[PDB]
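Enquirer: Take a look at the letters that make up each chain.
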Amino acid sequence: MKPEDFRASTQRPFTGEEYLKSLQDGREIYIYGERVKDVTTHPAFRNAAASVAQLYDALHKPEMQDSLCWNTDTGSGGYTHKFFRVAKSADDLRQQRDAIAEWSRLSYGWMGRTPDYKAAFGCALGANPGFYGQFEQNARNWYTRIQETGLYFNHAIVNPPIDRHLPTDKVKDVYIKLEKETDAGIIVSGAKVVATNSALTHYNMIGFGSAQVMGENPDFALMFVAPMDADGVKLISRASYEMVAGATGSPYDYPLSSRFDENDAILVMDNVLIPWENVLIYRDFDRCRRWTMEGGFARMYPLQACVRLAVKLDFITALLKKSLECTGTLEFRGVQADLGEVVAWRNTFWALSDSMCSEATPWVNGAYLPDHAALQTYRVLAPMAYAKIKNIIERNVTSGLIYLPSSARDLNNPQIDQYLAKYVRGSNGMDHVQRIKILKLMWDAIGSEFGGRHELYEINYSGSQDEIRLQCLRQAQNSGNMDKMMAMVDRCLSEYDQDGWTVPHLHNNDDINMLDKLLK
Amino acid sequence: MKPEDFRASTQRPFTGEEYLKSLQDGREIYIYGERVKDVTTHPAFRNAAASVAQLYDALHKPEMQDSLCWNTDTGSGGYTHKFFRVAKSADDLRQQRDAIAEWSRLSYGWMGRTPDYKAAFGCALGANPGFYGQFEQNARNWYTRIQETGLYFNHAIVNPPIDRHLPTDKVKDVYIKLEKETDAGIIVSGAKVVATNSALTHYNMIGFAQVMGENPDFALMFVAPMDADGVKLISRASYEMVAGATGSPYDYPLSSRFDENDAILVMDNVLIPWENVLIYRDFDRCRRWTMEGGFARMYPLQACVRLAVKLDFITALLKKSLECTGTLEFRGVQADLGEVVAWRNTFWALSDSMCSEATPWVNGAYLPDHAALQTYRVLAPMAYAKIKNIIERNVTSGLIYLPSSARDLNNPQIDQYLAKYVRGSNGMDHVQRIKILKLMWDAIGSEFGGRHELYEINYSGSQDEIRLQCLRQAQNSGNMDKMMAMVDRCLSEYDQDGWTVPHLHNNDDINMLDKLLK
Amino acid sequence: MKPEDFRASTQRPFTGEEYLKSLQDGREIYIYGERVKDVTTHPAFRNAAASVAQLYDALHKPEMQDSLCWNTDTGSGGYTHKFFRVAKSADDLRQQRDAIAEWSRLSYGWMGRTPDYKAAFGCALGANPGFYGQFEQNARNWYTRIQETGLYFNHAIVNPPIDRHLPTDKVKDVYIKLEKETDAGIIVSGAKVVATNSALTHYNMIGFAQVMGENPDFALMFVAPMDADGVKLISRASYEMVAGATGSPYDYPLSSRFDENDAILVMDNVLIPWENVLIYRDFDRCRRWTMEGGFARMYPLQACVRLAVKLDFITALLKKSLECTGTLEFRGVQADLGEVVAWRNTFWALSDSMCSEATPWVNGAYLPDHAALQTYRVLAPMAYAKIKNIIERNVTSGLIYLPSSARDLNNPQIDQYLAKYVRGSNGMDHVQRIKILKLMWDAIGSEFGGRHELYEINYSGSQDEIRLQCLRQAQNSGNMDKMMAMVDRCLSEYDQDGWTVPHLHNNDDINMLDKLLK
Ligand SMILES: Cc1cc2nc3c(=O)[nH]c(=O)nc-3n(C[C@H](O)[C@H](O)[C@H](O)COP(=O)(O)OP(=O)(O)OC[C@H]3O[C@@H](n4cnc5c(N)ncnc54)[C@H](O)[C@@H]3O)c2cc1C
Ligand SMILES: Cc1cc2nc3c(=O)[nH]c(=O)nc-3n(C[C@H](O)[C@H](O)[C@H](O)COP(=O)(O)OP(=O)(O)OC[C@H]3O[C@@H](n4cnc5c(N)ncnc54)[C@H](O)[C@@H]3O)c2cc1C
Ligand SMILES: Cc1cc2nc3c(=O)[nH]c(=O)nc-3n(C[C@H](O)[C@H](O)[C@H](O)COP(=O)(O)OP(=O)(O)OC[C@H]3O[C@@H](n4cnc5c(N)ncnc54)[C@H](O)[C@@H]3O)c2cc1C
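Chains as they are written, first to last, in our numbering: chain A, 327 to 846; chain B, 14 to 531; chain C, 14 to 531.
If you are wondering where the hints come from, they were derived from the structure by calculation, not from laboratory data.
C-beta atoms are modelled at their ideal positions from N, C-alpha and C, and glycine is treated no differently.
Any given hint might turn out to be false.
[To be verified] So the derived list for chain C, only partly shown, Cβ under 10 Å to chain B, looks like this:
no.: 1; residue: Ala241
no.: 2; residue: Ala419
no.: 3; residue: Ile470
The following block holds chain A by itself, in its conformation from the complex:
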């Protein structure tokens, strides 16, 4: 039973109901010391699963289908989310940018690992399948499959944060490695860092870590895909903000934690058989080193991430204004100036996504890639912008983020509520129910455990502070951008020497230099 066989039609991706049915499979997930029986009904995952299911439902609704979907390029006569099909122009990238924005708005920018994130991987396979050599047909088939079905992939690429001071092949007891080569496929074992929302995915792409030196053993030089229900695949979940908010809070108290929690799970592979049809790069140091620059994925996914963050910043910006209307401090110059800077950061990420599309270039086989410099720029700025925005919220909303009753239960008890109505009202006529609601929404965005995890995510998810900057420099150098900037500096330098100007339009200083007269 293929997960896409739950669809009532082969000419469209899953509906939300078919997607939920596709998750009631053999996946082996652990949380709070027990195996999850059904991820769609379990109290740690049911609402995050329902939230992803809503994205699938939106693909078929007349109210969103046109902004979200295109026909497939496969000859099936079907349709798919625009970002699941290879772009072949700058306008195609702009349409994909808008389709990503529309889906992201459904979670207010809070779900960062929705199916469109890894759809860029499906497109990378379809745009350049020749890169994979003997595995070219697997790349072509995987592109067709992902595009037609809307299959939900995530990736587990970063190695566990253990023995970082050593090359990947020197942490053999932990990192993903080839165990055995057989006729049916390859046996792999090891673990990857947290695989965000992988409990709700169909497949994971398992790839080599690029920020850590690989070494000299080719058994670590692998790229392949694994279904979430493959025997030996195990997820060990982190604490569930969804379950905690359900057990000890309410949607009113924790409105984001209760529906958008993407569990960052440890991914374990215990002697998993990967069929040859799922192998993409095999014991190949050459292809592993070339994949970041030639594969296309690294040159596609930040378009999705930049738009998703820009949507979250649309939400945070207006929510900060709403929060300041609660306290009444929005009337002050300093407060307005701080909110104005949040507006500037919000505007920045939308402008970067515009440039990604307008400056797009042809690649291979007619495929277009977004502006690579803009992708690297989003990665560098986002951690700085996010940390600054959170600090601005805390230093302006101040006590408004803590002057809040424990629970919706307090509002529902008239003995407590009578005091909340009088003493916890909003400024200028706003009732206490709305005031507490707005400020709890802001606190869940930045200070709840979910808010704290989101700050950790925005700071680190695409790489360390040094790595994102190194990659930004490498792009400038590899593209020829640095050589073009250097040609301008070399022109400036060529216009004079130790004797004076070499250009005839400027005046030498022989008639005005006073040093001989002063020193000789």
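Knowing the structure of chain A, use the given hints to seat chains B and C with the ligands on it.
Expert: Chains B and C with the ligands only, in chain A's frame:
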């Protein structure tokens, strides 16, 4: 004589030679306690004048006309710099963006007040002349004049930094005001804060301590020639003259040719003819001009591109400087340079968005994306201060381990030690190493570098003001209401009793609080 | 002739006049492609020399001797600056802190390499002479000599910024190395990075691209007179000369008297007598000197006080500058000035802690709190860059709305407009307003201001190195192990089954997970 009458043709802007001749007028400029006889030959201005003259020469080069010029829209059959005529599409704005970049590369991004900066004012007059009421014909004529000739305007808008704690009605002894209304025109007196490069301009636009007040004699906008009686400039110290008198082009390569003197602008009982008046004793038009005039919604396109060109230069110069010292091999150094690259990329991406998201305005004119203009203004001071700190903390002693002068290289007694001990890393010779690092020092640490940091931090407004204007744009455009509609939708999806949407599970079956607090 | 033989008495340090006479020796200095005949009269050095001479004169003033001087500990019956003799208590360090502050106030915190900076080296030699083995007597003699005379030392320790990607063994064509061992002493050649104010010093201590390597010919520490054959300086541009040639004291008040020329130090086959050798072909002593020598554990007391004095000056000057513009009335401006006040307070509080937490070392000597020294080094670059940004973003156009020269005030034709339009706020006259703002600009934006920013950011090491050394101090002192004992205690108070301490309640009675996940 009109400055444009120096042109041998009415079908093109000035050549560099005609531009220089046009500055040899009756202008009253002071520097170092003396009157400046001729800005084109004076040692404080001659090279900055020659640098601007090069921009005019570039307009007439066949290899550069495709990027720099377009036909006029006046019916003269002439041509002009692309940014001197009203944009009528997103593509027109992109071509203007490129024409600004091409001119800016001629000064490596260091001249921030070149003729294209105020060409946006000429275009604002041409795009919306109806805004000016009875002065509509002046707006139309000034647009035609600026466009055809390439007339060099600057503006003096910011009031002197005196009694900022008071409104623009309680400091009448200093600020620009109407003093007499006559048949020939208006008599004005007062001063404006530094008018950058105004010593080399043909005209200055004079426009309205933030809060204006209640006296309409201060509610003015008009044009003044640089050679009108009573118009005078009191110059600041000349980095060009100092670099010439005590340095050399090798030692101070930017100071020696790109210094834009920030002069105090004084108007002493100046007669402004009615043909030069645009807004007269009109608080309503003065308050509406920032949002309806167009200029405030056009010039940051020029300034963002000009900065992005300077960042192309600084980025590669930082790489060159780190190649000198050999520290470019280290991870931390590469990461810091990578961040400079990210800031450089940002300002180009903002200029892209300004053009692609452009909107129709009035009479077929297009305006760049307003949010992107406000974003450039907010980010630029932070990016510039951060980039300078990154250079200083990475190039470190390389910026000071330099001989005093090109005279040290030209003395073999000293040069023998420079050749051995002040060589560049991995085979680079000492002449090139010292040259690169002196170029970087002139960009950030010389008095010229220091002034450029003060300029990038402040020129479009105080830190609070640029942020306030960014917020106002979000509110006035409807952007804030659209972001708010998303927050209100999120809020509408639940209440104190649970979800109001049917796809989510209520917590009644899992909430343990009742069972826990008996 | 010995430089101290210029003194009319052996029982006190130099007077200013004797100090100036002592500099009129055979020193080989270059600037602007020419040999400097006499540093005391040359226009690039005369005022900086006069400024140092004033510090020596202050030692002999009865009104200042209580704060500045103590008896020598040598048995000579003489006196010296307090920081020139070994501290033997926390109170001795506090009195030295005050004596440093008093001398620093004479240059308003702008001279960072005055004779008291290297007096810490003289004290390090006197406190632990046994460290130097066979060179112990040289350490004792040098301590006595520096203490009694007030000899002016600087140090040249940092290698030229060339081939930083290589160790101090693979750049032999540049770095200081032993070339010959003889009966009279050692022959050395090489260069060091800028030796701040070395043109005005008597001697330089020469000491060991970070990683040293494996060749012991580079493992040296020794003293060299400024007039030894082969010792020479190649000066950087002179802010003093430039301010004199093209400015005035009114226009550049700090550049004109406190410029400490950052000179390239060259040693060409210099003979160093054995009496001047301290560490010889000894990797063991070179590696142990940073932790056992004492100097690295003494000089940041001088530097922290000197910066705190400069911050007293900058803080009040920022208030004065904001009184000029009138913006001091606004909340945001007052808040920014308040932060400058907080940074100024910090460096004084660090100097307090350096003294009160002082510890015994060897032979009765006391050392300031090592953690506070490392903290000053880490915070100072961040505080300085932030303070400069605060000044620029608040004083804004006040720093550029200034006439070129005192010559503008002395020309009534220009001065009439300065009096009206460049007056200060609320009654302050234009002469005082321009004077205050030019003083602030010379502090931060002139080439001297730019060099001072580069100095404060980098002089004690790169951003990573100062932080690494701060961490190493925490580890080596046992501070980190004591902080770790608290974290280990916290961890020991529970395990995977619950609390291990009896005062806390386990969650068995309230944990709902079993009941929820059936
Ligand atoms: C909430 C969250 C969700 C995530 N989801 C996913 C996911 O779905 N899939 C996935 O594959 N990954 C995921 N990640 C991992 C993420 O991509 C990484 O955290 C990021 O790439 C940084 O790598 P790292 O954690 O190994 O940090 P490191 O690379 O180990 O950096 C830590 C520190 O060590 C330094 N350092 C490390 N190596 C070196 C070196 N060789 N030389 C010098 N300094 C070095 C760094 O500069 C930094 O200061 C997620 C992370 C978070 C926080
Ligand atoms: C090198 C340089 C070149 C320039 N060239 C030109 C030019 O050619 N033409 C031109 O017209 N201008 C020019 N300017 C002026 C520039 O536009 C201004 O400096 C800028 O607009 C900031 O205004 P300001 O200097 O008056 O600072 P201010 O507005 O006075 O700000 C200083 C401080 O006071 C605070 N403040 C001021 N007013 C208030 C208030 N009402 N309420 C609360 N806080 C307040 C600010 O928040 C800030 O902290 C130039 C400036 C520089 C530095
Ligand atoms: C105005 C001024 C006056 C001075 N006066 C004196 C004086 O009188 N006497 C004196 O001896 N010195 C003096 N100095 C030198 C000063 O002490 C040094 O600049 C400081 O120690 C920093 O060392 P550096 O310049 O070699 O920088 P570097 O150490 O070369 O650092 C530059 C960059 O390279 C990186 N880097 C360097 N090496 C490594 C490495 N191995 N691994 C990783 N990254 C690395 C750093 O992290 C940094 O990002 C002065 C400096 C200045 C600016």
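Enquirer: With reference to the structure, classify each hint as holding or not holding.
Expert: Tested hints:
1. Taking 10 Å as the C-beta cut-off, the interface hint given for C:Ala241 is violated, the closest approach to chain B being about 16 Å.
2. For C:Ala419, the interface hint holds, since its Cβ comes within 10 Å of a Cβ in chain B; the closest pair sits about 8 Å apart.
3. Interface hint status for C:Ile470: upheld, as the beta-carbon distance to the closest one in chain B is roughly 5 Å, under 10 Å.
Checked against the numbered hints given earlier, the structure breaks only hint 1 and satisfies all the rest.
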